[PDB]
Amino acid sequence: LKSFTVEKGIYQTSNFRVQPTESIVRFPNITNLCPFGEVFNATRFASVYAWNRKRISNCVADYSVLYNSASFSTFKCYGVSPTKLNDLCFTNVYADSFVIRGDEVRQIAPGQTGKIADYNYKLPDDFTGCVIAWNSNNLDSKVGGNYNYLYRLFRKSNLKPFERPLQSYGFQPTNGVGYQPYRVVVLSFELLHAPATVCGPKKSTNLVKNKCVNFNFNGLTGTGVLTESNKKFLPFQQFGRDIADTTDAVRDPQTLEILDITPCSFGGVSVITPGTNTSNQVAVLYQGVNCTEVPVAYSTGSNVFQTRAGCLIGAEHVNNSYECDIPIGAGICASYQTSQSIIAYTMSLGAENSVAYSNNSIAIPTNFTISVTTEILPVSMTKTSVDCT
Amino acid sequence: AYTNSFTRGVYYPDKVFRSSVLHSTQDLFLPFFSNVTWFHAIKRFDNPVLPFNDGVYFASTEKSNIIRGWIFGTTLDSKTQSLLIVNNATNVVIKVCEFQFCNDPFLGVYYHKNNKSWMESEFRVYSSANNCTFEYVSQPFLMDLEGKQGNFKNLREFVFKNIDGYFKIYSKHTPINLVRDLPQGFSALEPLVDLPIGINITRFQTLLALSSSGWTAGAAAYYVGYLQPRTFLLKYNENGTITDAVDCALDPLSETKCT
Amino acid sequence: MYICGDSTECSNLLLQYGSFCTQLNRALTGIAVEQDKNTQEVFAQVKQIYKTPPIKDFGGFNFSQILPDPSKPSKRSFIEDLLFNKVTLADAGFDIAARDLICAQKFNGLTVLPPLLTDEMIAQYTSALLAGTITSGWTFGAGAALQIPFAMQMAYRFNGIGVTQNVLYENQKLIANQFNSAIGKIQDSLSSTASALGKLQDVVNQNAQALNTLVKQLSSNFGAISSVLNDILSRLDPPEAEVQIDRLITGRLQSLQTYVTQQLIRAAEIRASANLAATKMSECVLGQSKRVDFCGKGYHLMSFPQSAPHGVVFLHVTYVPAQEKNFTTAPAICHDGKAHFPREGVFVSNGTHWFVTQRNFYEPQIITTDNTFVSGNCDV
Amino acid sequence: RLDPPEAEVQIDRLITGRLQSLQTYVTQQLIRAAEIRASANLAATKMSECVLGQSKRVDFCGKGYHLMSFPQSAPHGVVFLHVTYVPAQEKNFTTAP
Amino acid sequence: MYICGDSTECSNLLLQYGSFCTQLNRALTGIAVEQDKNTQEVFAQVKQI
Ligand SMILES: *[C@@H]1O[C@H](CO)[C@@H](O[C@@H]2O[C@H](CO)[C@@H](O[C@@H]3O[C@H](CO[C@H]4O[C@H](CO)[C@@H](O)[C@H](O)[C@@H]4O)[C@@H](O)[C@H](O[C@H]4O[C@H](CO)[C@@H](O)[C@H](O)[C@@H]4O)[C@@H]3O)[C@H](O)[C@H]2NC(C)=O)[C@H](O)[C@H]1NC(C)=O
Ligand SMILES: *[C@@H]1O[C@H](CO)[C@@H](O[C@@H]2O[C@H](CO)[C@@H](O[C@@H]3O[C@H](CO)[C@@H](O)[C@H](O[C@H]4O[C@H](CO)[C@@H](O)[C@H](O)[C@@H]4O)[C@@H]3O)[C@H](O)[C@H]2NC(C)=O)[C@H](O)[C@H]1NC(C)=O
Ligand SMILES: *[C@@H]1O[C@H](CO)[C@@H](O[C@@H]2O[C@H](CO)[C@@H](O[C@@H]3O[C@H](CO[C@H]4O[C@H](CO)[C@@H](O)[C@H](O)[C@@H]4O)[C@@H](O)[C@H](O)[C@@H]3O)[C@H](O)[C@H]2NC(C)=O)[C@H](O)[C@H]1NC(C)=O
Ligand SMILES: *[C@@H]1O[C@H](CO[C@@H]2O[C@@H](C)[C@@H](O)[C@@H](O)[C@@H]2O)[C@@H](O[C@@H]2O[C@H](CO)[C@@H](O[C@@H]3O[C@H](CO)[C@@H](O)[C@H](O)[C@@H]3O)[C@H](O)[C@H]2NC(C)=O)[C@H](O)[C@H]1NC(C)=O
Ligand SMILES: *[C@@H]1O[C@H](CO)[C@@H](O[C@@H]2O[C@H](CO)[C@@H](O[C@@H]3O[C@H](CO)[C@@H](O)[C@H](O)[C@@H]3O)[C@H](O)[C@H]2NC(C)=O)[C@H](O)[C@H]1NC(C)=O
Ligand SMILES: *[C@@H]1O[C@H](CO)[C@@H](O[C@@H]2O[C@H](CO)[C@@H](O[C@@H]3O[C@H](CO)[C@@H](O)[C@H](O)[C@@H]3O)[C@H](O)[C@H]2NC(C)=O)[C@H](O)[C@H]1NC(C)=O
Ligand SMILES: *[C@@H]1O[C@H](CO)[C@@H](O[C@@H]2O[C@H](CO)[C@@H](O[C@@H]3O[C@H](CO)[C@@H](O)[C@H](O)[C@@H]3O)[C@H](O)[C@H]2NC(C)=O)[C@H](O)[C@H]1NC(C)=O
Ligand SMILES: *[C@@H]1O[C@H](CO)[C@@H](O[C@@H]2O[C@H](CO)[C@@H](O)[C@H](O)[C@H]2NC(C)=O)[C@H](O)[C@H]1NC(C)=O
Ligand SMILES: *[C@@H]1O[C@H](CO)[C@@H](O[C@@H]2O[C@H](CO)[C@@H](O)[C@H](O)[C@H]2NC(C)=O)[C@H](O)[C@H]1NC(C)=O
Ligand SMILES: *[C@@H]1O[C@H](CO)[C@@H](O[C@@H]2O[C@H](CO)[C@@H](O)[C@H](O)[C@H]2NC(C)=O)[C@H](O)[C@H]1NC(C)=O
Ligand SMILES: *[C@@H]1O[C@H](CO)[C@@H](O[C@@H]2O[C@H](CO)[C@@H](O)[C@H](O)[C@H]2NC(C)=O)[C@H](O)[C@H]1NC(C)=O
Ligand SMILES: *[C@@H]1O[C@H](CO)[C@@H](O)[C@H](O)[C@H]1NC(C)=O
Ligand SMILES: *[C@@H]1O[C@H](CO)[C@@H](O)[C@H](O)[C@H]1NC(C)=O
Ligand SMILES: *[C@@H]1O[C@H](CO)[C@@H](O)[C@H](O)[C@H]1NC(C)=O
Ligand SMILES: *[C@@H]1O[C@H](CO)[C@@H](O)[C@H](O)[C@H]1NC(C)=O
Ligand SMILES: *[C@@H]1O[C@H](CO)[C@@H](O)[C@H](O)[C@H]1NC(C)=O
Ligand SMILES: *[C@@H]1O[C@H](CO)[C@@H](O)[C@H](O)[C@H]1NC(C)=O
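Protein chains in written order, with UniProt numbering: chain A, 303 to 466, 491 to 623, 636 to 676, 689 to 739; chain B, 27 to 68, 77 to 244, 254 to 302; chain C, 740 to 833, 843 to 1128; chain D, 983 to 1079; chain E, 740 to 788.
Worth flagging that the hints you see were computed from the coordinates, not collected in a lab.
Worth double-checking, as some hints may not be accurate.
To be verified - Derived PhoX-like pairs: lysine-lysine, alpha-carbon spacing no greater than 20 Å straight-line: (1) D/1045 - C/786; (2) A/356 - B/97; (3) B/206 - B/147; (4) B/41 - A/558; (5) C/1028 - D/1073; (6) C/1045 - E/786; (7) B/41 - A/557; (8) A/386 - A/528; (9) B/41 - B/97; (10) C/1038 - D/1038.
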């Protein structure tokens, strides 16, 4: 009220709302997994200049088992990060697996010197596809030397980047660092070719009920109290909307069941007070709120009264009847009476009277009184002219 | 023939449950009381390449899967990826791949007509799978394809739509009582499949699995209606099933009901 | 809550506008207090709660269908129950609420405050008014309720409308039968028809539709990429998210202002109606009105109030002449060169003889010096 | 602070806000003026029917049987002193039609 | 018609604002109906010419 003295009455104050206790996220289980295991466990990759290409789509590109594994040696994403990989969606991912000499790993770097790079697989300056490179010395090393991975890539005809040195003696287990064969796989993905169909795994949390929580069902975010519902959805239906186009029921993706959604309890807070010099005592009404939820946000109470208008705190419930002093609602009024305290009661409509009506009985006055009463009526209000400009 | 539908072509526009609500939607729908072409599912092979004008309502009274599947695309010659729904007893073979299409792609079996046996003269339904980009095979289910002449109880109503790179197939199996042209009735089509193909469909074609001297033409037909952007008023019963619908531009009374 | 449900960024943006929320809340609180004042002014017009005597010997007149029925849990009369059943809500309970008011409105910071006077108290007021009327005439409205036999009260009313009381005292049985038949017809009509309570039904429907539109307005983009604040925040970063949220805030604030203005105008209409209802109660139930067509068509005799959901119903009892004769009439009469004029009545003749009769009921009487007064001579 | 080309955005925001505030104020004032006009019409009717004459309308010119009213000016309004006749002592008998 | 007179793009843009046009039309229709109601109440008081 912006005043140090408040007049007798009931005044609105800050609204009361039950804050959510916790956050609950539910998603369908991750069943469609990409064949990353097959891609990185293949017995033997193709040639460096004839790298195999496998299209991966319509699956979950989970990387927990990939990154957390210590089998891999070198892995750098130059356009993305593993932390944000989980919450990122891609259209299509191609796996390119090939075996190269350890020295050529340096040439694999985008925009690096060496005609072998653009003869076998050129990396453009805008290649965000991640690269996996892990030692496969034992797997790709023969006793006499694996000569299949020939490195004569100095063909007379020039091969342009993405058109579509014989320093290796033998791949042997005794080869030193930089000469042992290395298995290289490339996670090269494209965009703007189809609706996104590859996405990282999405975690799920346990199901809770009868508690104001922040629920996230299949991307539907809301706050409310989840309850078991007797409604019956059709198999294809997921949500439920009321006449006002507001969500009121939802089907849990994990377990096929219907949960009602009820907004967390809320309502205005009104302060019933007599005048400041009458007393500094006050009572508080939580309009349209259970009296069992109020202490969630005077918590102790010791004087609670669940009226049809809400839970009332600080007022003694007396069960006499008097003329209304401070209205509350639903026929309940509060007043300051004798020590002195605020009392809540059902207001009396007036003294009960039973007219002594009869056949053949009449009542006639004998002595009138002259009564003068005052009536006040507004007739006008202050003129006001406002210069708009 | 220009057959006229009565109230068919209504499908659930979304996956939201509404009880005892008269919802209104502005979506691609088949207009009430509109001409739909009636073909002969048969020397005379009725199997042309019909346009795909932003949706199609396909209905048929066939039995034992006379009409196997469909072809969707813009070229239909393997030069551009085409979506194939070829389907038989086991299950669908949904396959969006640049599959080569023969000019005469039907099985062509004269089965149980003159000497009660099933024979196969040619198997040119599949020509070659030159290249592919995505394929999907469903579980080998088994529909009620057993031979039961009796009275037809399979009105395979389908709605094929493609919006925002999503190909949606709505369908519903409605048993019928009269083998004559489409009987009057109301039945909404549930969602059946949604595909993130993101391909581009300007024409479509059906696939049939069926010399000319004294040939007994088969008894079967399929109707091809076309969708159109329209406003509808859908009535949801207490169970969330669409019980009735009103076309908000059919006539002044329907317009008033919608308003 | 309505504009920026559970969004700190949206709340901070709304702080830029600031006091619009306070203005709207003040307007709505004023409207609610006005509703309470309207009900109080209309109904609380009795200083005491009068109750009818146990013996209903009202000179043959029946008022059972309008007096309270103690058997029912709600002490409402038959016609009051009929009206309450006839009026039906649209969305849900405001009521018979035993928990949260049970409306989708709750999802978006919308609450309905219960009325200060419950239906039981409204029925108590109506019963007090009706008992005071039928037991004390109009005296309880002017001061202490003075009892008087109902036949005598009706005779007073007949004198009020200009008809001699002997008419009532000689046609009491017929008048009681007619009143009972009319009350029965009223009950039957209310039970049968459904368009009788169109005004109250329209008020309820208007309120429900306004709230429904206000809630539906939360699904509009208003130019933003989406109508979901969480979706906007997740899909965009601070700057453009703030731009889109500002668009949504502007749209929803405009919706709230439109709703509040509509509510203010509707409240003005309802206050005018409530003032008219209070005036009608005071001038028809608490007395006998000479204003034409105010307390029903015909000459007003008495009115009975009956509470109805969010309104009041008046049963106006009026006297209507039925069967008319003509007679030949003359302004005055010549006797001995003197002009005699009727005291209270008009001269009539059936064709051969002259009489003087009251102007609202054919009661011919011999023309005597008592019925007439002399003034002037004949030739004027 | 800002140059003409970019200050226009801020000026437009301020203009929109202040124009909305003015419109809200004017609408509220119109509604309040309608209410006050209704009250003033009631006051004029009360003056005419209670001060200039004796009213038979019940509870119009005060509680009880109206005798006479006296007007008194008040800031932005009027005050009526309604003089009424109120029977007080009832002695009650046996009556016959 | 008033806001976006004969303009499909403008009509589509206006559709994003909700039911403002419907509310305005309803208000004007109510005013128009109550005009006839006022005339009837004032004049048609005797149903016999
Ligand atoms: C308009 O109204 C006048 C009323 O004065 C009619 O005048 C006639 O008045 C006489 C009485 O004054 C009525 O008849 C009288 O009946 C006596 C016995 O008959 C019985 O039945 C009649 C039926 O109406 C009763 O009215 C009556 O009271 C009796 O109960 C006779 O004894 C009367 O004799 C007359 O003459 C003698 C001698 O002069 C007088 O002493 C009597 O008082 C009386 O005047 C008389 O016959 C008669 O019925 C009335 N006429 C009518 C039609 O009702 C006018 O006639 C009437 N005019 C019109 C056009 O309606
Ligand atoms: C002045 O107006 C009043 C009201 O209109 C009028 O009172 C009644 O008029 C009727 C018809 O003239 C009189 O006749 C009786 O009417 C009642 C129903 O009102 C009937 O129940 C009576 O019984 C017979 O008729 C019934 C028809 O339904 C039969 O079912 C029954 O078995 C009997 O045959 C009879 O018809 C009626 O007596 C008066 N009642 C009064 C005055 O109390 C009055 O007649 C008009 N004229 C005057 C006062 O001069
Ligand atoms: C005053 O008006 C009241 C309403 O008209 C009368 O009360 C009841 O009104 C109904 C409908 O007109 C009557 O018809 C039906 O009666 C049957 C059985 O009779 C009942 O009422 C009689 C007396 O009339 C009583 O003796 C019986 O024991 C029954 O109680 C009921 O089953 C129907 O529901 C319906 O009421 C009633 O007859 C009538 N009486 C009662 C008690 O309801 C009322 O009679 C009129 N008279 C008085 C003095 O109030
Ligand atoms: C009317 O006068 C009565 C008392 O006088 C009697 O009733 C009149 C109506 C006339 O007929 C007189 O001739 C007659 O002698 C007053 O009403 C009566 O008062 C009481 C309540 O005050 C009624 O109940 C009584 O209450 C007292 C007090 O508790 C008890 O002790 C009694 O046992 C009884 O219950 C009583 O029924 C009522 N009527 C009668 C006949 O007594 C009344 O004050 C007076 N004025 C008016 C406007 O009615
Ligand atoms: C994802 O998989 C989990 C598996 O736990 C699903 O959660 C449900 O948890 C129960 C464990 O109690 C799984 O077993 C069930 O046990 C009950 C009690 O014995 C039994 O009655 C059931 O028949 C079932 O065997 C249950 O499989 C599992 N429910 C489902 C549908 O899998 C979770 O629902 C799954 N979410 C999906 C597939 O979207
Ligand atoms: C009719 O009602 C009025 C009341 O409204 C009566 O007024 C009377 O006024 C006189 C003067 O004030 C009172 O006289 C006083 O009596 C007291 C008694 O203690 C005495 O102490 C004073 O000195 C003075 O003399 C009178 O009491 C008062 N009467 C009543 C009943 O209140 C008027 O008398 C009444 N007249 C009749 C016939 O009832
Ligand atoms: C769909 O809507 C209908 C009504 O509009 C709901 O009513 C229920 O319909 C079923 C039909 O099978 C009734 O089944 C009952 O079965 C017993 C035997 O088990 C039989 O004896 C009964 O006569 C009856 O046919 C059911 O009683 C009826 N009522 C209720 C409360 O269910 C129906 O429930 C709705 N279905 C869904 C999934 O919401
Ligand atoms: C395919 O490669 C993976 C290596 O990632 C093997 O699966 C497990 O991966 C996790 C990484 O979190 C390791 O902790 C396990 O040791 C791996 N299991 C093993 C080595 O048995 C998977 O076994 C490989 N499949 C093969 C070689 O057939
Ligand atoms: C009401 O008026 C009087 C007063 O009661 C009644 O007349 C007598 O009242 C007693 C007891 O109530 C009865 O026992 C008598 O039978 C009544 N005398 C008669 C009928 O002559 C009367 O009955 C009631 N109704 C009236 C007068 O119409
Ligand atoms: C009917 O369709 C099913 C699949 O929906 C066919 O199964 C085929 O199985 C092979 C692999 O075993 C796949 O390569 C094919 O794509 C599947 N489709 C087809 C048309 O062959 C089945 O062969 C089809 N016909 C029968 C009699 O089963
Ligand atoms: C506040 O919560 C209590 C919960 O006990 C409500 O009391 C009843 O609780 C039982 C279960 O123990 C339910 O079966 C009843 O339906 C509850 N009564 C109701 C909903 O009216 C209490 O009523 C609630 N009070 C308010 C104002 O919501
Ligand atoms: C405050 O002061 C006045 C003057 O004494 C007194 O009448 C009253 O009790 C107090 N009013 C309130 C509202 O406390
Ligand atoms: C009024 O009646 C009861 C009876 O015990 C009394 O205890 C109490 O003061 C009132 N009821 C309540 C809940 O206070
Ligand atoms: C379709 O065209 C034919 C011939 O013009 C006509 O019989 C029929 O009425 C048309 N169908 C509809 C729904 O109008
Ligand atoms: C005999 O056998 C096959 C069925 O297996 C049938 O299609 C064919 O028509 C029959 N022979 C001739 C000449 O039709
Ligand atoms: C796709 O299809 C044809 C098949 O011959 C051929 O171009 C090649 O196999 C593929 N080309 C692509 C994917 O660009
Ligand atoms: C239709 O097919 C693809 C996308 O599905 C698209 O790239 C192509 O340009 C389209 N061709 C047209 C619209 O002519």
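Hints, one by one, checked against the model:
Annotation: proposed proximity of residue 1045 of chain D to residue 786 of chain C holds, straight-line Cα distance about 12 Å (limit 20 Å). As the CA atoms of residue 356 of chain A and residue 97 of chain B are separated by approximately 41 Å, the hinted pair breaks the 20 Å bound. Using a Cα cut-off of 20 Å, the hinted pair residue 206 of chain B and residue 147 of chain B is violated, with the two alpha carbons roughly 31 Å apart. With a CA separation close to 13 Å, the supplied pair residue 41 of chain B and residue 558 of chain A stays within the 20 Å bound.
Proposed proximity of residue 1028 of chain C and residue 1073 of chain D is contradicted: the alpha carbons are some 31 Å apart, above 20 Å. Restraint check: the Cα-Cα separation between residue 1045 of chain C and residue 786 of chain E comes to about 13 Å, which is no more than 20 Å; the hinted pair holds. For the proposed pair residue 41 of chain B and residue 557 of chain A, the alpha carbon gap of about 15 Å is at most 20 Å, so the pair holds. With a C-alpha separation of about 12 Å, the suggested pair residue 386 of chain A and residue 528 of chain A falls inside the 20 Å cut-off, and the hint holds.
For the suggested pair residue 41 of chain B and residue 97 of chain B, the alpha carbons sit about 30 Å apart, so the restraint of at most 20 Å is broken. The suggested pairing of residue 1038 of chain C with residue 1038 of chain D holds, with an alpha-carbon distance near 9 Å, which does not exceed 20 Å.
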